[PDB]
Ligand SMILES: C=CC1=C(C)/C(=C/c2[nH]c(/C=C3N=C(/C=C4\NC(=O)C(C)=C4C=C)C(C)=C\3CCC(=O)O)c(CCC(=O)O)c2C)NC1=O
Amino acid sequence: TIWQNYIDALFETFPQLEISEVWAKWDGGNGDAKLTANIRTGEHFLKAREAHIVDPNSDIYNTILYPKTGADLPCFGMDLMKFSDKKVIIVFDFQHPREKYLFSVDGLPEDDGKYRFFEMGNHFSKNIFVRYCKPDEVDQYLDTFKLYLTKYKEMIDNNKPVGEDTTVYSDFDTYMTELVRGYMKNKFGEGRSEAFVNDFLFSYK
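Can you give just this one chain, in the form solved without the ligand?
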């Protein structure tokens, strides 16, 4: 995968997040598409849920860390998406569970507001990070990603949250579910795509 350095950085920062379930291994596409879905658990987190899909023209790593509750911490989410042979979109952010709550982190870049990608202040922070690039270029943004990870580890470590109330994340998982799902439908079928979104991606609704 073109995302190996991101994945390595994520689990260097959070070595406690160990695979607790391999939720799915699926073939799809022409199968020439392979999907891996893992649930990871470990100190300070309810779960990290990691989706990784590859085919001849795509490489998608979609992962959200859901911290334990009661410290009002955000999730950390990323959608690292090679979607064609020559194109990638990279998105990562601190995604707060509370609707309409504006979050930010001192010392991180702030989006300039030139492009309207996501609803700022509603499960996306001032520091939303969105870039398009070539597959050949994806590590240009690795250093910035590592800085985000450093700030997230600091807030997790400072707070040591212990709550296990998954309903904290209901509004967030509903919102993300509502946010065509063309890729998944085309490759794995309408049924498996629906199960993937509801039972794995956003299962706290």
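The term rigid core refers to the most C-alpha atoms you can superpose between the two forms while keeping them within 1.5 Å. Numbering follows the first chain given and starts at 1. First, how it differs from the form solved in complex with the ligand.
- Core-aligned CA deviation for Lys100 between the two forms: less than 2 Å.
- Core-superposed comparison between the two forms: the Cα of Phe124 travels less than 2 Å.
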The other form holds:
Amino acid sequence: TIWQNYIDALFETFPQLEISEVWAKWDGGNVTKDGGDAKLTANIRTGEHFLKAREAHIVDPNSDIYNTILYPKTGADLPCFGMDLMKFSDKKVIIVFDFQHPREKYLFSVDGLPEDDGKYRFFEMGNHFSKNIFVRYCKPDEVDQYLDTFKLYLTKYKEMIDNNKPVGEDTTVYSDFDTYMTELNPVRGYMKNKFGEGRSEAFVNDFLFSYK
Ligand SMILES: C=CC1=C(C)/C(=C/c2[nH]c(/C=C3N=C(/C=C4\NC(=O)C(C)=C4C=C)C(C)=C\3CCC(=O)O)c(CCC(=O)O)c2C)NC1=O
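Here we have the form solved without the ligand; I need the corresponding form solved in complex with the ligand.
The complete assembly is shown below, putting the previous chain first.
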């Protein structure tokens, strides 16, 4: 996968996050002699200071998408750390990552990180996305140009986690957030095409954004 260095950086920063469940291993897309050409792996990880990290990785002949959110334990008003690393074709990649605060309409920021006040195709800036939302468009062979920046975001996130050491397990903290992410989101339709209506619905509601 072109995302392997991002994935390794994430779990180098947070080595406590171990796989606790494989929620799905699915084949879909066009069926050939070998089976479906689209593959989904959906993992749940757990570990010190986190409620869960949920990691979805979808790969087919043209695309490679890694959608992952880290949900910290509650009690410290911490944001989640979210990423949507999207290769759509051999020419087109979009990288998104951000601190996603669970409180509706609260503008979160971190001093010293890149700032972006632009407006994007889906979602509402400033509402569960921060002043430092990082969105870049590039080609597949260029993605690691932004790796050092992703590593800075991870460094600041680990500082927040380690400085607070949250122990709460109140999943309702994330209900507004998971509801917002569900409504606003191109995922559902793409998954329905490749994997079918029922599998798409369960993926969005019971795996990606299950704290609604
Ligand atoms: C698994 C399948 C999957 C699909 C099909 C998907 C599609 C998808 N996500 C998008 C944007 C986006 N996606 C995000 C962000 C996220 N979205 C999230 O689900 C999470 C967890 C974040 C975390 C940061 C944002 C902010 C945009 C708008 C950026 C843009 O318009 O380029 C767009 C618009 C891109 C554009 O045309 O510019 C598409 C098509 N994302 C996926 O993960």
